[PDB]
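Undergrad: Next come the chains, spelled out residue by residue.
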Amino acid sequence: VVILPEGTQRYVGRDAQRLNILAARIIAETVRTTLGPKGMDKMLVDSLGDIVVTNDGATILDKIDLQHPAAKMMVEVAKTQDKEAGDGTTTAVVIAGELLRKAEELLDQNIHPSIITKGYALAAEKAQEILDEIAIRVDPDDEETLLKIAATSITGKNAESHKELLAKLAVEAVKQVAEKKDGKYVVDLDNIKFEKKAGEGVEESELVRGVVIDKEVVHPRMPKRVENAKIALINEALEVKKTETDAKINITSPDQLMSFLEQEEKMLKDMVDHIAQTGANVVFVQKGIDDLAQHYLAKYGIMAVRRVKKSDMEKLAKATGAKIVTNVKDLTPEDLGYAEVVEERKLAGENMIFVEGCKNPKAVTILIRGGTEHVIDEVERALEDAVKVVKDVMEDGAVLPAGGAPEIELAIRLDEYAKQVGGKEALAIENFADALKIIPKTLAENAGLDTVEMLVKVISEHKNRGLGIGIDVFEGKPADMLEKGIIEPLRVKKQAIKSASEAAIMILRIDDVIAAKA
Amino acid sequence: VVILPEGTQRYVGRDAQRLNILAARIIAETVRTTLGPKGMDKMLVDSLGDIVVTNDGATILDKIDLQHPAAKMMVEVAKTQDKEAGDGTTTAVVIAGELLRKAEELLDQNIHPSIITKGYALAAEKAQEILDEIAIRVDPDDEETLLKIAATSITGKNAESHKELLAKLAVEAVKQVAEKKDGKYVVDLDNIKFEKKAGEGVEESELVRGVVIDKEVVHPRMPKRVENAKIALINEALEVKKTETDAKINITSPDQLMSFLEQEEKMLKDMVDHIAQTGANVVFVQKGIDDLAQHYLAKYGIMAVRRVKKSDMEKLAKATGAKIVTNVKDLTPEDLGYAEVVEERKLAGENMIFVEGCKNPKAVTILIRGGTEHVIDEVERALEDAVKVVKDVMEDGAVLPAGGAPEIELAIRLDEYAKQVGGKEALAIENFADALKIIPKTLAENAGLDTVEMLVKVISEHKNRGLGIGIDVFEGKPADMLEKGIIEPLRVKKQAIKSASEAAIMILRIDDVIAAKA
Amino acid sequence: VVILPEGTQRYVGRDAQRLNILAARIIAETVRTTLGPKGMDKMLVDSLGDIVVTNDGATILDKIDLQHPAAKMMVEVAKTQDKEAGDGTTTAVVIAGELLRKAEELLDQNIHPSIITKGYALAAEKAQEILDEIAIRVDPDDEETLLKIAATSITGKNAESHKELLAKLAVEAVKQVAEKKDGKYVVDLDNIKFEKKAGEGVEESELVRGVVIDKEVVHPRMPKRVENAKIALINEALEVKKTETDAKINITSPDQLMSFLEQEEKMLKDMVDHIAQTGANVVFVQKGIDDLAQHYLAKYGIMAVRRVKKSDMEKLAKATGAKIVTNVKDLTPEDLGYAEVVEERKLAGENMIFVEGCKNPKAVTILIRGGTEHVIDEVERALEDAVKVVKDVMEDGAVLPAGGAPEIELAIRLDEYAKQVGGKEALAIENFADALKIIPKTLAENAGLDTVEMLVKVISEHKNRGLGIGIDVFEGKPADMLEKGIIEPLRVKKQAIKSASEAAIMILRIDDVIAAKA
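Protein chains in written order, with the deposited numbering: chain C, 9 to 526; chain D, 9 to 526; chain A, 9 to 526.
If you are wondering where the hints come from, they were derived from the structure by calculation, not from laboratory data. Certain hints may be false.
To be verified - Quick look at which bits of chain D chain C covers, simulated, 3 or more residues with Cβ under 8 Å:
1) 23-33
2) 44-51
3) 267-276
4) 352-361
5) 414-421
C-beta atoms are modelled at their ideal positions from N, C-alpha and C, and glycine is treated no differently.
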């Protein structure tokens, strides 16, 4: 009997399983080649011909147009990993793939899915306990650590050539923006601007203790540089105000034509006059500025920029100290901000306003320079992770070695744990532990090393020497990640195992796939 | 003669019956593999490409694009179960499938349909008396019982890995929200919000004795945290009011251009002033909030949120005690609510507002966290069922054992009831009793146990040890369900038989199908 | 640069392997469900609506229209197995598939395929030795064991309902036509004919110590039954002969039109007359028989058949003892054969000739009766196997237990062998040993038993009691196969392993698939 529409496709039991797992395995196999300091990049071109060159796992999975649903779910793993911890996106997708691969060996041995699923949930929970335990508690503020986290992050990415600098710029920015409260920090990444402009070299990028607005000084007669600038922030358009209630002038005598043109003229002037009287010499207006207004600002020697982005008004406020005022009328000197220098400056041709030298900015800007548009785009991404990863540490105060060290310890510990629980769940558990080895395994692989030999060396060397033993892909030998300074946030590995696990266990429970026709 | 339009399909008698019962049987066979704590899930992809991975029967049947009308009939059963009792969607459809299957054996024996129908109705009514009679009455808020109900509900779903936590949250939320009238409890599930947000793990989900609104503080200079918050709830927009009747300002002198602007200016300000005067320091406005208003509101150090959903306004009142006022002017201190803490906060990046720590909230929020969108989506569903099962018991005050125990009880007795009425109705009644065993049969079937033997052992032991005996899928052995806490609501089983029966009878009365071309 | 033609497909490395192996495994999982006493059958309908219902692995794979190259390669395994041992066609394919599954696990470890390949060959050669050792030697003609071989061969098929009768016929037939040159037996399965005729049940099937031919007695006045028949076997047609060299009669007088006519008559009469003179009373002619000749044979009371099939002439000779002569002229008494009864009978309404009661028939016929044509076709296949496995044991005094006992013995021993080889080959040898368990595994699987549990009991017991311990699917537990009388030829296992092994190694060696557009 015709129950489902002609065109609907369906797979049940093992077919549903074989398919779903394979799609996931293939996606993981697609991004794993990107993982690690010797991992390479992918060039992606969408339907419109837009080109994206990047090493980022999340970006890749996001830009690429996947079909198979199982493959789409893996994307969720990378996306969530990215929002919560920054780095580790390729790691989570890769681990998720391997977990499934190891589960199908069991699935094939006829272990009921519920058992595998239960075993994994146990291993996953136990992996978090171990991580919280073997993590290196650190000084949320320690610059030396924040720098290694940043530098380690900016590795195996196009921008690695200038990681010392970029790391430095990334740590400084987060430190400044970071808000202290209860010996515990909180970082709002919106207080860090990323302004990019091709030209020069990446080595020319910098941190501006203030804001870099891609705007211009409205009037040519205004000053292009103001030293000890008193900044005023208004978001009310400098123009002739009209009531909300409909209203219309009723001219009855010829003299009114003038009296009303002048009244509007006076209103416009009084606004500018009011501004001047606060002693402000620089004004940023979120909205428009009539020509007459601009003219008086110019005659006052007041520099002015109009139609400034809402988010840009906020950064200026936090950097300069200035307080945004809705109406010019309410502007007082106590609302002006400070900046050592504010000036129009041309970058790769285009003019831009620089508000720098702010006392203690609560918002900062990283100016990214580079040889081509594509270059500065992939630097901005590298920098985005660096910032988030630095953030993770200042907020968590916990760090771990990299090089596969965590995944290796976990694989040793979780396996021993398996023996403790026994039964068929112990099979799922030891399989979970096994799957974790793709991280160290993939690192050596991408480095063109003999996968089998390396694992043998690190595991044993790690078992002997300790928690920090991981793979130094550059030197192609086991090494102490801690001494090498190869370090990452605890959160990266925590979120990575959480998302991958939950995703795997969800996919692993699907024994019936029913897709309609598109 | 050409009576019907070309393309019209028609089936009569055995044909009409054979196809109708087949589609239903198949729809039942499709969701049965989802039944029980060992049941699996289905991934459903629609014509747009949106993915739905779940275990819930109603969701499945609802999301799938069914063609055959008899199949569409079954969708009604699962749906009604879901609204009325929450859990039990799949079993209702399964029983309905089985009932029709056993009925056809009688049709084939040439028993007139009206007799089979009569037997089923007799059997179904008798089943309700039996269910009401063996039902285990317990007291409405017995936390221990409620926790077993929620835990039993959560098992067999993706979330089961964390059922202890989720059960606890479900129960707490319902106990708090529940209202008692005349020694009777009534629960409006609208006083329980579910907020989702990927990141962390399902293990991080919590119960907020207050409200989590997905919005942010409208003004940057407003506080982001208010401790002993005095909350004001207003829905009228904080903007310049206009009459319902049309009006237009008729300007006649220049001095007016200013006088009217300042009047609107004053109106805006007066509102904010009035709010401040009540003592309020946190205000949720349902409509919009003018820049000028936000500016004054800010200067007062009052946190404010614009465009808050009406449903969220209602639960903020229920929770904080605040009273929703329409016009700012009518706001009073007695209209203000309380919250131990109200603060903006970022979750996986996106900002949010927490109104936590209310005295005796009447509405609460279960904040769900998870590794991926799909995971929190399924968790939400599980939480939904859990909550409704807990509601069933607080309102009904009756519970039954699970594991196919009730069905085995029903099967025994109903079969004995048959012997009583005798005749041909007796055949229909004894078949209804037989049909009821798919539940225990399917539990064993999805667990990989020998259906025939398990069925023999339960019915046997059940007859010796009574009501409590059902199947323990996790131990592949019969067991006292009451002892193991494997318990479920009386409503779940009652509503199941009701909908399963009426549907089966309706289909069974059909001896002519007439379908027009689409 | 365009090297290959558009439409050409190519896969390389892991892709070529993934594809090839997945293909092989799928084709193996497909025929897998027919293995063992509780293996089921498949109905194959080709493009011409022709229907085939078997349990035979070789028949299935040969009839299915396979697209994938890898799949096509498994067919050769099934086919070569059938030609050499009869049974084990499915086993060979199932093992080959598992062998590849276990090998990709090593491929994923990045174990060079050269190593996996070398290891598998060691395991295979070792397996042959082990088989030759554990092989139980018996008397090639020992009826007792011969019947056990046949009876186990037949079980698990449609004709098992009558495995006693059928085995008796098979063992009897092969024994009779079997030739013992020098203390060594050799058997030509061509001396055993299979005749099918729908009608009655499979129980009426029988062994004719002679030949059954689907022909009729050429002339009506000829005897339909001849008691102690003196059979004559003529090859040339009984017609007016003609020279090889072109020739024509040149008539010159009326008297010749008649003399040449009477001469051709005389020629026909002499032939028949001559035959008659030998004393022959039954005559099978391979070619035609002129109407005049028929008339004479009739007068002489000689029963004759014309147009007898060549292969039947040879069976008639081998059975009756008659010597086949080319020209009637050379036929003599010493050439006549003997049959205790040559008679015409109707079967399913069709006339057939029965030559039975032969002295020491060297060619024999098994007459197959059945309920339908399909039933009869499947019994014929069931018999073709019984006949061949019996043949195996008469030429090889070797026999082995079944129920997966051999594969279990091999898995245990080959695992030990691995240890003394060590290194990565050890891994490969272990996987080859592991792979061998799908036999016992799927035997239990098809019986509905628990694979994991069974495997543990069998191996445990086998280790305790010895070589004969295997799975008794009918009783659902381990048992002694030798006592139970469940034995198979040594050949079945030896060939299976070879074919499976050589094919697996061949596929593992591929790393580049290049397919032209069809």
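Undergrad: If a hint holds in the structure, say so; if it doesn't, say that too.
TA: Status of each hint after checking the structure:
no. : hint    : in the structure
1   : 23-33   : holds (count 3)
2   : 44-51   : holds (count 6)
3   : 267-276 : holds (count 4)
4   : 352-361 : holds (count 3)
5   : 414-421 : violated (count 0)
Comparing the model with each numbered hint stated earlier shows that hint 5 is the single one that does not hold.
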